[PDB]
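Quick setup: one chain, the form deposited in one PDB entry, written in structure tokens, and binding and motion questions come after.
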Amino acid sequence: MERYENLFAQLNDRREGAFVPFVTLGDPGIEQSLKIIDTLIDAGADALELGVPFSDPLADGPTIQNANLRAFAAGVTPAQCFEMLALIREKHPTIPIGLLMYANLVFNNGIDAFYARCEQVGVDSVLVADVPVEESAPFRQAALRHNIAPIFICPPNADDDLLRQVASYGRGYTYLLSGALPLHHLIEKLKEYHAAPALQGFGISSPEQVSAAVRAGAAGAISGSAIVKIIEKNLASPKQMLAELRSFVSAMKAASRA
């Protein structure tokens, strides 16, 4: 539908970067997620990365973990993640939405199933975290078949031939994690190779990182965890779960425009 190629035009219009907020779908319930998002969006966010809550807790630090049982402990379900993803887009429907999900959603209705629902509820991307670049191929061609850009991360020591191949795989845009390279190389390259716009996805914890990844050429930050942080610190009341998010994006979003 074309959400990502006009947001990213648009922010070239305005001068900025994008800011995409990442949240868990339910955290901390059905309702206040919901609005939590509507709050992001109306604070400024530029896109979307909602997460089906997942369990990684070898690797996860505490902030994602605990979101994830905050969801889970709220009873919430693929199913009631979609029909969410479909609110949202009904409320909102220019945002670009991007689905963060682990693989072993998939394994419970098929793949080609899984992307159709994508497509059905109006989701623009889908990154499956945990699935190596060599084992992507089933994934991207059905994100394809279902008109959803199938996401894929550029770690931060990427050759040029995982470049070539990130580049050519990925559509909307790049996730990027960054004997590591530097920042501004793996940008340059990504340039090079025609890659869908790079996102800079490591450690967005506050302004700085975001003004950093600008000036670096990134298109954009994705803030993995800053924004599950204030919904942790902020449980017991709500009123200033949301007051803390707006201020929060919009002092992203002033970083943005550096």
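In this text, rigid core is short for the largest set of C-alphas that superpose within 1.5 Å between two forms. Residue numbers count along the first chain shown, from 1. Compared with the form deposited in another entry:
Put the two forms on the same core and the Cα of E232 is off by less than 2 Å between the two forms. With the core held fixed, the Cα of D60 is displaced between the two forms by 2 Å or more.
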Contents of the next structure:
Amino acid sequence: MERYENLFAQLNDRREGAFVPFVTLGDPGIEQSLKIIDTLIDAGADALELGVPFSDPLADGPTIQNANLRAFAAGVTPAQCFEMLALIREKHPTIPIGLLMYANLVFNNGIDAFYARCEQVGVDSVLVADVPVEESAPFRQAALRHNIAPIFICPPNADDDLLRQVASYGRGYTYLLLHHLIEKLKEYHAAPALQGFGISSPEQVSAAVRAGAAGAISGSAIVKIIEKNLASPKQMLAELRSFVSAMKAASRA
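Can you switch from the form deposited in one PDB entry and show the form deposited in another entry instead?
There are no partners or other molecules in what follows, just the one chain.
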């Protein structure tokens, strides 16, 4: 989890927030996805949130549900995801890499084995979307044992008990789904908050930083560019370039 520590200190020295794109690993294919991700980093992504294709992604809406479907139709397995992740880490030694998992994939081959494999390939953090704080202990413990940050979601309907829980057990960053809630997270020494779930234009990146968040995560908006350009890889990579550079530029203010 050191990479998040290092990233946020660097961004603080540059007086910047973090811009973090999300994509589904293997969407639309393995080689395509690897090229997408390198274009994201090249265009100025500060960290990456990477989804592992899963049969029933509950917490995910329509655009990512189709990204998940495209990676499924490409035969991308968890094992191939681990191989992709190792290569991504080997290309990009400092960028923080966070996984978006569902509980059954983490549980499937042993929880501790899963986080051990994450450690081996260079993953920095794991958010398990269908594990609440109240169920998180075995995942948290396996994560920390393998130097993985456990990411907790701080939802809109959070209350003060949850804020204290999230601040106590989370590492790396807090996944923030308003101005008062960031205040309490800071007072509670929570991991720096990244706002997600709404970030689709530069104004929203600037808004999140202005609100006191450490940055913003953009999901659907990134994946929509992939869907919109599935027939033109060159156009896809060009639009991702322009979109990410713009969103990152917005985190300076």
